[PDB]
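A.B. asks: Go by the hints and put chains B and E with the ligands onto chain H.
Single-letter residue listing:
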Amino acid sequence: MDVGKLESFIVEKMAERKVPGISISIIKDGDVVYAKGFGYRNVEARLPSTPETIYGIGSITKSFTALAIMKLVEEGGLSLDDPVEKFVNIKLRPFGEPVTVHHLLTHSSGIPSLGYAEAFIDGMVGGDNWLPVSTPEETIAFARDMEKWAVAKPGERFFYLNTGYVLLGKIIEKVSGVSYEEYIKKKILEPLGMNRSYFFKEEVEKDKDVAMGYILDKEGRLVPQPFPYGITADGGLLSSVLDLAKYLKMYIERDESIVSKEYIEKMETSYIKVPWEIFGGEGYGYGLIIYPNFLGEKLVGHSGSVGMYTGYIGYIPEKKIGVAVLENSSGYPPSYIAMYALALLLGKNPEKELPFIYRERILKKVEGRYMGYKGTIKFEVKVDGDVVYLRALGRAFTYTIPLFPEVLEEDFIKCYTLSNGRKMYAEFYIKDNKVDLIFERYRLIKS
Amino acid sequence: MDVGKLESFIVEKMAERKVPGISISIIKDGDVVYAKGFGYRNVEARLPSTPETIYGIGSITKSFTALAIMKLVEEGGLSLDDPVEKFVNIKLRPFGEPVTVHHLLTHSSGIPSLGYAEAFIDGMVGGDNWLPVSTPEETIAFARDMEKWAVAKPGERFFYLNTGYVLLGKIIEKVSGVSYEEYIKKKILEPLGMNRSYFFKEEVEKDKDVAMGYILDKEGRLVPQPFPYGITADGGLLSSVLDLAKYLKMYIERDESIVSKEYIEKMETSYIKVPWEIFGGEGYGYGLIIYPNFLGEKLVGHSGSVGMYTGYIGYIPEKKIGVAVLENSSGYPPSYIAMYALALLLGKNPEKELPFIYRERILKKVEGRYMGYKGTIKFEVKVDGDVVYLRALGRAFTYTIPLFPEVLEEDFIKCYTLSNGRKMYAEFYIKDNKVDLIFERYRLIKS
Amino acid sequence: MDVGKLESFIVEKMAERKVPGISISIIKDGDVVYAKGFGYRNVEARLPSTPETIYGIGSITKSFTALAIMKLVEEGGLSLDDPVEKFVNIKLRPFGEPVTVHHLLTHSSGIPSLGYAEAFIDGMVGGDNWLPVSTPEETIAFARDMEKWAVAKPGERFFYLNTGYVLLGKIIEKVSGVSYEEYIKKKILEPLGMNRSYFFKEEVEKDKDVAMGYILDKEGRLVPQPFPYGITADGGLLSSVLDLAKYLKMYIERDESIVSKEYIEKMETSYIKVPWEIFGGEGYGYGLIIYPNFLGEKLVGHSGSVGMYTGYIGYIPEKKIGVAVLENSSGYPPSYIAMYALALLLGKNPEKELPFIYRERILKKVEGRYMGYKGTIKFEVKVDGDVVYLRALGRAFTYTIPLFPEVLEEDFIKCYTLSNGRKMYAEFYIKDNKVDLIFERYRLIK
Ligand SMILES: C[C@@H](O)CN1CCN(CC(=O)O)CCN(CC(=O)O)CCN(CC(=O)O)CC1
Ligand SMILES: C[C@@H](O)CN1CCN(CC(=O)O)CCN(CC(=O)O)CCN(CC(=O)O)CC1
Ligand SMILES: [Lu+3]
Ligand SMILES: [Lu+3]
Ligand SMILES: [Lu+3]
Ligand SMILES: [Lu+3]
Ligand SMILES: [Lu+3]
Ligand SMILES: [Lu+3]
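One line per chain: the protein sequences are H, B and E, in this order.
Every letter in the first sequence is one number past the one before it in the authors' numbering, and letter 283, counting from 1, is 283.
Every letter in the second sequence is one number past the one before it in the authors' numbering, and letter 445, counting from 1, is 445.
Every letter in the third sequence is one number past the one before it in the authors' numbering, and letter 273, counting from 1, is 273.
Isolated chain H (complex conformation):
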């Protein structure tokens, strides 16, 4: 693998955005072949991020919840077709149709997101909202009426729902007899030798290699924020890239120490399509996203985010390779770093084969100030994600147009905007460090 290219990419992005620290581990053929730390785990104390640094892993915790569910099913404790009402005291039969365990694992209950995690975490970092659900029990209470929020029968649509996995946590406690955190620690963490993976504040703050979370304010300052303890089965586990390596190894080598291979495969089966089509055909299994078209391979993985911490794990069983990335802020998507490394491992050029990388580079070239014939009319071009904003300069006048890219090339971009029902086009021609923009009746040259 081209380590030089990967490391530059990481440092480049960390500077570009204001990311404090990042840790990464890479598995190949059964062994961890690469594990490094970048930046700081704590800016205030000047503590570096290391391969052993502990970060919140967010929704990566979902796959653990699903694995625990698989084990309980295999031991005959319950059935994937069992209605959730059989295990939890809550109304879950929208339109008369029973939402089952399977529906919850696949976010196909028919109930859109309750926005509970969004409201909760925003408040815990100084935002405007507030949702003090200190325990999953209080979350369930708040969700007493989630049934009335349904907009589709169970099994028809996909709606990423955090509350859904919170209910699965409760289902694990009902069936097993112990607390969710207990079950995960004794049936998964210990048997896998993951000793630096925790749920409790008491054990984390005692560790010596833990990352402090960070949020960038509107002013560009990195503000420290501790983990938002309270979340559990949907995304409350804290861990390191080295511990996630042992976890990924189990899946890749189809190790049957937790469940039989038949069950690991149930988790990797795409059951429903998701709205985030990146490489084409993306779907969802049990607590894992499925990318059947990732550079010629079927990719399996999931992202995580608790606001001041983000992460991503991913593996490709047919190639025996996996990657884990943890970050102490949300400046740059961990999945992108992970996919960059995976692309290099497969022998593909990430700068060319990854849409979100390829698109971002070209669009950045188009940004700047634009002038018409001999400087008559002036314009401003700024990119905000997938969109290109064209704003005519003037303290007192002009408009603003959002442009959608229809064609992206190293030296040419064609976008359209919406004017009177049909699309109006704008073309960007990129050459000798110069950019010609053609829009409607105008011609504008960069600068």
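For the record, the hints were derived by calculation from the structure and aren't laboratory data.
Note that the Cβ used here is the ideal one computed from N, Cα and C, for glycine as well.
Check each hint, because a few of them may be wrong.
[Unchecked claim] With the Cβ distance kept under 7 Å, some of the chain B side facing chain E (calculated, not the full set):
id, residue
1, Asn433
2, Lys434
3, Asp436
[Claimed, not checked] Residues of chain H clear of chain B, computed beta-carbon distances all greater than 12 Å:
id, residue
4, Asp82
5, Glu262
6, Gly421
C.D. replies: Below, chains B and E with the ligands without anything else, positioned relative to chain H:
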């Protein structure tokens, strides 16, 4: 025609958009059957707008310039295929091809807008721009190197160019032997009885029924702005809807007072398609815009704008009907009012036939604040013209998503945004004073 | 009891008012049948509120001071009709008539509030005023001219006076011979087994489950503020809902391990009416508020607030049920939560029988943007407590009008502002995500 309906429309829009005054005239098979003024021609003085109120007509002046060319051509003064260099001393042979009179009239020289008029007027109204071309001579001097601005060969592409008509004005002088203003006055205005159509401020000062222009500032306060004297052949004429009534009559009835009917038809011929598709397949003639599919009819017209004054004239030769509208601000498109009236005259409901009208009504219903489950997350939806903007409420954080309407119905709007290079939908379900928004994983409900 | 309805209520209210954490206990027939903590004890450290969590209880402390006085009276230490001057070195003979122990207990000395507590706490939280009374002895010195502050003869009117209970704390010291803190701990807390109820910071610092106080600033931010140590007899006690359930049990069952039942009945007697009339007839006993018409029952209770902490305790002797709620901010009246629960324990619907509950839900339907015929004029309706404000939009102008709701139903509300000496009426009609407003000559639609 259902007048009560038309009048309500106009008063309602003038209020909604803060338009100070409007005048309109309607012609039906030979006579002016409706001429009426609305609002104020001068707000500070409390002077009302009347059928005789004088306004700047902007680009409607282009047709006058084109008509004068037709006359000179019918007289053997010049040919439409002659290269411009034959009459004006300036280089106009981009890529080795001669720009002809025909190219100038159809905006097909291959030279995109120089943006001169935008710069000029912006500076004359207090903008941060500045281009003091107080005469067409000065403008031609500035456009000296416009041949190098060319991006296409003559006749292949449409680019609305004001300087193109400034050149036609100079061609009229060279050939006719008199000034552009005198030729237009002597060969068109006078023989058509348009005695209150001027070019010179000295004439305008004498007139007793003249409208002051207005521009709305960043604070929604109407600011008076006088006409920007200096522009001529491309948009410097000032007239009334009654004078334009006599003008439209000539075209409709194919009156040969100035030129043979064969030449009027040359002007109504679609030579090149334009990017202003409203009803489908619109094109450009000579100083006139062609709409081959306007409510099952062929519409001919042209808008005009000098910033503080706007206008429009259009006619349907086959139905012998025409309409003229003048406004002393840029608040509401005069063409929309003119088309509203035309629809009524055609026996059609403008509320169901004109896109720019129902599309505006339907979109308003989606604006407001939306709330997630039990008020967890908040969003505000705002419509700017034809785009729907979805913004998340929070002072610390706040992302805005541009939504483009795809399916538009009375009770359902489906929009899309871009992400990862693919479109992602947002559905708006409108029902009994409330709207349900379904975007990605979320469900948001309005009031 | 319908617990789900109660827990959904609390979470929703905490979200709505930005309350950090709440703890509550419910006692029935001598057993703690329910006790839970919601939200956060300490936001910054992310520690959950629990039934054990300790909070300042504020003026709930007053009932302890009253109980202490009852014991001393029963033991012959003093008389309820004794002038307070007989125990404290201060002038208290407004209008030539001595303020008695009884007068202080009922807030009827004839002396209006000195605003000492308001000034004290305000300054201790970074506010504008300042009154550095670090000890109750200091407050008394400050209160040296209080006699001159009187406006009525003792026993005629009610004026909640915190200094009143400060003087009582000193009286307790004079009679017993020990300090107020020691007297309460040895005579009340210890015999009742209330082992996690404190006065001193040295003790609270050693407790592992304690909440941080919070105050919401003007940007809507929760600002941490530690307990303002210094106050004592009028409201310096810190405790938890589990210890308070033990306290409530004594009154409910009329346990006589501290005083005889005749003295508990003295404390629960309505001696004078209060202006805080919620259900009708509310009065004040001895460090206790009396509600004679609470859902067809006689409720006894008292609230408390120290600024960054609030709480409430209430019990209904006849139904052997009591409730305690503590909060680490003043976002939502803890008495409202307590009464919500008592209503459920009574087989009643709080959503339809508690005024402060439905009135707030209904007045909420009215908030919004209103416009006249085809958008000619714009107005804004915003609710603030009980008053509905109607403002004419438009930057240059934008006057305001206060509207006092006279009639209030599910889909209708009649209010009145004040004109030229007479009441001008406004009516709101609510029907299907729509509200019509008739105000004088105008008709406005939201
Ligand atoms: C968890 C899976 O059971 C879900 N299932 C995955 C595929 N199953 C095969 C299988 O059951 O492993 C296909 C046949 N399945 C028959 C049946 O199971 O009753 C009907 C559809 N099921 C509905 C259901 O679950 O009941 C949808 C998804
Ligand atoms: C049992 C009685 O003591 C009750 N008492 C009967 C009337 N008393 C006159 C009297 O008691 O001879 C007059 C008013 N009394 C002041 C006073 O006693 O001088 C105030 C309130 N009293 C309680 C108290 O005195 O603590 C309540 C009613
Ligand atoms: Lu490089
Ligand atoms: Lu099945
Ligand atoms: Lu030809
Ligand atoms: Lu002739
Ligand atoms: Lu008495
Ligand atoms: Lu005894």
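A.B. asks: Which hints, by number, does the structure contradict?
C.D. replies: 3 and 6
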